[PDB]
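The chain below stands alone, shown as structure tokens; this is the form solved without this ligand.
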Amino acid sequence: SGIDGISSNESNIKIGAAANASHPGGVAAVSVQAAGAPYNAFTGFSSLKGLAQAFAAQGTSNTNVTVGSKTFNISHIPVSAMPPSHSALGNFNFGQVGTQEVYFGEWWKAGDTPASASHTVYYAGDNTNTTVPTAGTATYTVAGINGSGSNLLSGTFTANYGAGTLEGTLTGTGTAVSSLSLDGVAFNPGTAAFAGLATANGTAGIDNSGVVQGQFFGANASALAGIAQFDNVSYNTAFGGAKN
């Protein structure tokens, strides 16, 4: 019980819980494993939102973005906008699913781009209260991050709880990925973790090498989050969704 999540490269990014919290295990956090001490500590995403607000005049941003009926708080933290002593922490773009304890995002090393091998995607959320129905259907409004803090992928995912399948496609402009389609993404009915394959289209053409991993979160599966990794790392994407 507590924070669950996945990173596409644990040499660069690990997810966990913020230490010394009022809710041990309940505050989603991220560690830049690519950095040495003291830059590799686990920092709560909530604190990173605060930094993205605090450095806004220098080029970071924190914005409540509406996608249909849902709000996704987006934090954009490029190395170029942060003081030199923060260069080892690298570049972040991440989102929060509403006010739920569910975060999803990406990272890459200082001096790299999202096309570089260090492009890493992750999600993190509190599993403590998660339950998933064993029957019926629901839809989610989903936002995706792919190499940008200003242009998001968006779409609707459909959860078939009786069949144990998650289906749908995200689309967007201004990112390497133009469309991302779940292929056989599935879960045991009544359980939270899902995985499968994916196909992206975009500025490099079709890439069907995608592997998707994620999970439902919250009472009655009020949210979901996950990652999609491809042979072409510029297509690596993190996503989060709120149940409609």
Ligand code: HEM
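Only residues modelled in both forms are compared. Positions refer to the first chain, counted from 1. Whichever C-alpha set is largest while still superposing within 1.5 Å between the two forms counts as the rigid core. Compared with the form deposited with this ligand bound:
- Only one candidate in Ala138, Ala115, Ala81, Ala110 has its Cα displaced by 2 Å or more between these two forms after core superposition: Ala81.
- With the core held fixed between these two forms, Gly26 has its Cα displaced by at least 2 Å.
- Taken over residues common to both forms, the rigid core alignment between these two forms yields 19 to 26, 80 to 85 as runs of three or more consecutive residues whose Cα atoms shift by 2 Å or more.
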Second form
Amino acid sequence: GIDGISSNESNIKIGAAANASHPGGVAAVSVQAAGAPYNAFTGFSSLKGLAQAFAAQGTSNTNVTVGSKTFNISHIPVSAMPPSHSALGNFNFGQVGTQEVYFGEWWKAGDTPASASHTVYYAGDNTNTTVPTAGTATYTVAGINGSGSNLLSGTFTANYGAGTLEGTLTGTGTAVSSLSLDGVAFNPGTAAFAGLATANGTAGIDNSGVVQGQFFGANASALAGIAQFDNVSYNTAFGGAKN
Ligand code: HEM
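Next up, can you give the form deposited with this ligand bound of this protein, since the form solved without this ligand came first?
First the chain shown before, then all remaining chains and molecules of the complex.
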């Protein structure tokens, strides 16, 4: 019952957890850039535990408040993992509150988020998702773009009757300074949305963005998605909690 995707399946796939060395959780990520056994699907809640426990070795786990909503942010650098884990690279990912909804990024060991290996993804449990067919709701949304310390933040507006998702994420500490949805749409009553996006930031305006994501949870209590660009520095993952 896990849905989600990544911007580069050569590097990252999303699925259900199956990692015997780090068991636990359901929504999961696989580093396809790695060979077995290190391409196992590992639950995000398991990775969150590891990020909590290995803080003295360089991981971090932090609750970040945006408005009245909390996003739990995990940073896992390759330097904090055992030497055998070299191929696993670097992660930043967030959880939407206590919901089983995760969004994040990855890049190869020795790279930066500006490198070609920069990959963004999202994952969530769809078991009890329902999408309203009418009315409007807003979401407090956090975005990850090349940092586990500095987030993007904004408000998305879902018009469930029109099937539109609108809004902008902004922040001061990332390559992206602003990320606006453009024509992001969904069939009313269904969870999956897609559209375009524009970004501003350290490389200037970039109109090449494409967006995909979905609503999660009873009454669409959450959303998550990715925006990817010709400029991979601008690739962003996001997660939102319904206000
Ligand atoms: C990202 C996905 C991960 C995968 C696929 C993975 C995979 C594995 C595998 C296959 C083993 C057993 C073989 C070995 O020792 O290398 C293992 C052990 C271990 N892993 Fe991971 N791991 C992941 C994340 C992490 C993280 C984030 C940490 C800590 C920051 C970590 C710390 C450890 C530790 C402490 C052991 C026990 C062996 C030792 O003490 O060196 N792992 N992992």
